[PDB]
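Asker: Below, each chain spelled out in residue letters.
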Amino acid sequence: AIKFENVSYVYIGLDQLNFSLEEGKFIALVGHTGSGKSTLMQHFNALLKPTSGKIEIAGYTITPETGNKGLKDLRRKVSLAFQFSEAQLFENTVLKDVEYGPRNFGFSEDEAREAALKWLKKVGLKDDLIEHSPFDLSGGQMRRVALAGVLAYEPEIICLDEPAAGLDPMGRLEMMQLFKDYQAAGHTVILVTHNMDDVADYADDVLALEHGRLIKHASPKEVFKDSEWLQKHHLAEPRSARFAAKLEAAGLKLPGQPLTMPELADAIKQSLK
Amino acid sequence: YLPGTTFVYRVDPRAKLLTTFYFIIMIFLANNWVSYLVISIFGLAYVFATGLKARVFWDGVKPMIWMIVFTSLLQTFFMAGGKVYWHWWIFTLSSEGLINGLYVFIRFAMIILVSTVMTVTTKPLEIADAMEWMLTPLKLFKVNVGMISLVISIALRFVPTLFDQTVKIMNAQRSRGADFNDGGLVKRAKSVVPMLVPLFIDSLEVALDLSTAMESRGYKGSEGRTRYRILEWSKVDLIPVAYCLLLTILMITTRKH
Amino acid sequence: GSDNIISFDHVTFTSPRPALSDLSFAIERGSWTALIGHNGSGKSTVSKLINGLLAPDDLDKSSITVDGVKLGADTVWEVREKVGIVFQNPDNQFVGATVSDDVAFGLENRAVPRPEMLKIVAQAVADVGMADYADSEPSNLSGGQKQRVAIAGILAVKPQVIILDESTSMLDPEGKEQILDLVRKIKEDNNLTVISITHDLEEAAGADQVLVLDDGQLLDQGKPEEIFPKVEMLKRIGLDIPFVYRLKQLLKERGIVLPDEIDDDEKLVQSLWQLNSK
Numbered sequence: 002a003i004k005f006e007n008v009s010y011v012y021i022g023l024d025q026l027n028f029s030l031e032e033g034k035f036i037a038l039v040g041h042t043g044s045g046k047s048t049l050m051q052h053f054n055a056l057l058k059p060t061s062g063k064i065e066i067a068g069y070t071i072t073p074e075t076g077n078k079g080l081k082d083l084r085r086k087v088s089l090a091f092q093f094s095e096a097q098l099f100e101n102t103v104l105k106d107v108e109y110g111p112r113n114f115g116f117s118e119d120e121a122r123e124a125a126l127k128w129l130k131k132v133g134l135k136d137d138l139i140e141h142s143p144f145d146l147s148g149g150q151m152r153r154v155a156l157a158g159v160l161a162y163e164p165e166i167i168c169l170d171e172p173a174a175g176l177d178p179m180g181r182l183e184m185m186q187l188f189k190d191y192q193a194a195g196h197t198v199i200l201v202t203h204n205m206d207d208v209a210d211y212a213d214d215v216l217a218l219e220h221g222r223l224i225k226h227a228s229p230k231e232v233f234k235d236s237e238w239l240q241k242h243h244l245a246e247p248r249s250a251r252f253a254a255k256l257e258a259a260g261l262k263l264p265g266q267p268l269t270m271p272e273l274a275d276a277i278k279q280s281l282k
Numbered sequence: 009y010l011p012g013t014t015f016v017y018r019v020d021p022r023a024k025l026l027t028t029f030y031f032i033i034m035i036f037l038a039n040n041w042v043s044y045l046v047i048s049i050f051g052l053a054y055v056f057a058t059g060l061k062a063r064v065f066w067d068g069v070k071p072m073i074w075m076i077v078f079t080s081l082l083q084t085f086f087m088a089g090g091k092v093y094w095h096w097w098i099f100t101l102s103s104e105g106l107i108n109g110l111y112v113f114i115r116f117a118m119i120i121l122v123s124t125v126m127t128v129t130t131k132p133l134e135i136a137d138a139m140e141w142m143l144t145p146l147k148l149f150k151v152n153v154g155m156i157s158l159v160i161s162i163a164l165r166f167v168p169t170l171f172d173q174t175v176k177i178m179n180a181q182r183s184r185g186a187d188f189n190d191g192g193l194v195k196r197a198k199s200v201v202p203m204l205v206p207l208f209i210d211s212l213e214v215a216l217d218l219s220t221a222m223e224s225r226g227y228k229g230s231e232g233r234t235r236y237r238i239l240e241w242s243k244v245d246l247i248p249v250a251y252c253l254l255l256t257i258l259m260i261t262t263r264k265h
Numbered sequence: 001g002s003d004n005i006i007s008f009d010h011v012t013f014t018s019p020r021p022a023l024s025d026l027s028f029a030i031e032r033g034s035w036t037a038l039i040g041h042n043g044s045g046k047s048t049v050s051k052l053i054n055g056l057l058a059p060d061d062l063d064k065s066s067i068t069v070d071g072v073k074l075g076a077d078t079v080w081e082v083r084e085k086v087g088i089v090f091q092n093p094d095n096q097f098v099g100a101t102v103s104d105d106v107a108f109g110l111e112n113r114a115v116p117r118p119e120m121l122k123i124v125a126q127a128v129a130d131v132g133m134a135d136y137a138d139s140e141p142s143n144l145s146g147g148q149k150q151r152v153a154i155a156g157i158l159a160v161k162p163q164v165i166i167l168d169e170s171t172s173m174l175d176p177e178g179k180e181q182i183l184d185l186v187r188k189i190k191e192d193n194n195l196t197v198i199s200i201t202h203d204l205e206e207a208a209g210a211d212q213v214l215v216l217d218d219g220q221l222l223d224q225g226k227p228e229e230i231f232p233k234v235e236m237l238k239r240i241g242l243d244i245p246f247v248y249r250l251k252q253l254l255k256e257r258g259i260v261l262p263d264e265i266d267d268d269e270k271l272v273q274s275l276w277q278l279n280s281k
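Chains as they are written, first to last, in the authors' numbering: chain B, 2 to 12, 21 to 282; chain C, 9 to 265; chain A, 1 to 14, 18 to 281.
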């Protein structure tokens, strides 16, 4: 249960955060460009320790005076996947690069290899491509390996910066499906995307932030109930939501606000019936 | 760096750089009490003309005190003698060397002092094209200067981006589980060097993409260009010139001959 | 007529498999033609192939005849003048110290007098919409804004073809619409052909022509309302049909049929309203 009390980072600026994210649910952290998402990014595993308040994360405690000793346990419990992972590839062998994750948390060689193979299989890639150099991977494939290195050691909380930045829609859909399947196992994903349609499709808790402060924290069905609020706070809208607004501007009634594609289809089917 | 309204920020950066070079040659040239005081008063007059706070120069000078004090002590003890206050078990504790010792000290100080203003009055791009203008007479050689100026201007803005990419990959690797800073120098040979290659290849890819874009926008060499950003000599640009000339007089009427 | 023609061409990078093979197509004059397909196998190389950066492996069978000037090692720079490109990554393409210097880079390279350079760069920056950032440093600019400046650099030179090589891939789905609207308005005003090589099919949904690339070979060419209904082909190739056609498919599975002439939100709201009325 992630818990932030009076959390504020100074010297991008973050001030006076107060919230509680539960376990076993999707979390989407939406915010304006450079409005505090990147600063709240690194506090989830004490890359940048807070200058006030308290953070509670899976039984671990984070306070401004905590040192760098013993943070490996926290970084095991909570993992980060930074944006444009194609530049963080490290080892000479793809298998070695993926197993480099578990090798820093006491995992034995056999179990590290087994986890690496299992997670490459889950991300798919190819079975015969696990031995070539990571630099030889072709474009989007280079992404698919990197996430494995973050997802190898089954972190309890995984926090994702934009993973689908620059991927074809089929690849983005497959990646989001994989993340949702991982979340279904009992873990939590904290996904950050400007792309609002992904947030509308796959989320349960939405954390709307701007100007380095927290404003809204509620289910996606509630954050999109007032288009004037979204326009005022410079936050986009789901594509299905814009279609529903355009359709309602034509004088056609919709039974409830839909967010995803099947919801809009069912709503208009009910309306015509 | 620090902006302001003082007249120094109005004059041509090329004139600033030429005056700085002339001043450094004079400070390397003056070698007696009277000329040393001449250069000192000229430098302090220049500082007061800039109108900046003394702390702005003091804090900049602070990191560079080790080399100047070490050189001053080394050259003082190399020739000192004469009066002695106390005698230690080995060192004689000579005192007459100061007759030039601190002198050399203040020399380097003035050097840094001038360098200080040179890095606070103009943004780096201005210094870059001033360097290009100063090296323009090098065109008699086969090597051209326009391409060098362009690549310097490019690098002066990519370098912060490169460092940001380096700190980003540092944060990513730390989040993965790696340990870099508190592992000691023995663990640095297994932490930073194998990480070095991907950032280098990323920088090479960035340079290649920039070269491709520049060549696709019509970069037919660097000889037929017509510069957009230009700096012209103003009438106020005369005040550092005559100043310089005055020092020349006050350098030729008091030289040791 | 026909502006840019590539026919009987095939390229191998420097090399285990031909990326482009037997590609043959044409571009209409003053029309929005967009190339779509799976990543690699042609999309990433067409832009650098059109203006003679890359070269066909066999120059004997070359047929690049952009604007009637058959491309070759002798006459590359004429094509460079006649074709502009907006590249994918915006950060590592913003050459020059600041705005009003990046935008005037082409004019600086063309050896034109300075006052005319100032006039043209000011007018182009005003046209794009970066008037308030006429002297901002690139660091202050945030993402999509940079791309706008790049378009200005293409617009100042007065080109005849603008090639967007996945120019909207690294942007949020909001600024992408802004850049698309800007490009459409520029195309309407200056009367210049636009070729948009993008994987995102929102651009292709509004294009006049769309070309599908399978493995380096053209597979189908036509209007978006003529090809996108063939959803099985796009699914097998590895592409997902756009918003309006995906919605039409969902209603088709939901039990209600719609005409295939519908192409966007307009006339689709009309069809639904008429269906409810009728």
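Where hints are given, some of them may not hold.
Unchecked claim - Between beta-carbon pairs, the in silico distance windows are:
hint : chain 1 : residue 1 : chain 2 : residue 2 : range
1    : C       : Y17       : B       : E231      : 50 to 58 Å
2    : B       : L138      : A       : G225      : 30 to 38 Å
3    : A       : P19       : B       : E163      : 51 to 59 Å
4    : A       : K188      : B       : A259      : 22 to 30 Å
5    : B       : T269      : C       : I209      : 39 to 47 Å
6    : A       : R117      : B       : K135      : 54 to 62 Å
7    : B       : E163      : A       : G258      : 38 to 46 Å
To be clear, the hints were calculated from the coordinates, so they are not data collected in a lab. We treat Cβ as the ideally placed atom computed from N, Cα and C, and that holds for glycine.
Asker: Please go over all the hints and tell whether each is borne out by the structure.
Answerer: Here is how each hint holds up against the structure:
1. C:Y17 <-> B:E231: 50 to 58 Å: Holds - the Cβ-Cβ distance for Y17 (chain C) and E231 (chain B), about 54 Å, lies within 50 to 58 Å.
2. B:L138 <-> A:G225: 30 to 38 Å: Because 36 Å falls inside the window, the suggested range holds.
3. A:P19 <-> B:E163: 51 to 59 Å: violated, 36 Å
4. A:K188 <-> B:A259: 22 to 30 Å: holds, 26 Å
5. B:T269 <-> C:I209: 39 to 47 Å: holds, 41 Å
6. A:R117 <-> B:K135: 54 to 62 Å: Since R117 (chain A) and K135 (chain B) have Cβ atoms about 57 Å apart, the given range 54 to 62 Å holds.
7. B:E163 <-> A:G258: 38 to 46 Å: With a Cβ separation near 43 Å, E163 (chain B) and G258 (chain A) satisfy 38 to 46 Å, so the hint holds.
Figure legend: structure checked against the earlier numbered hints; the only hint not met is number 3.
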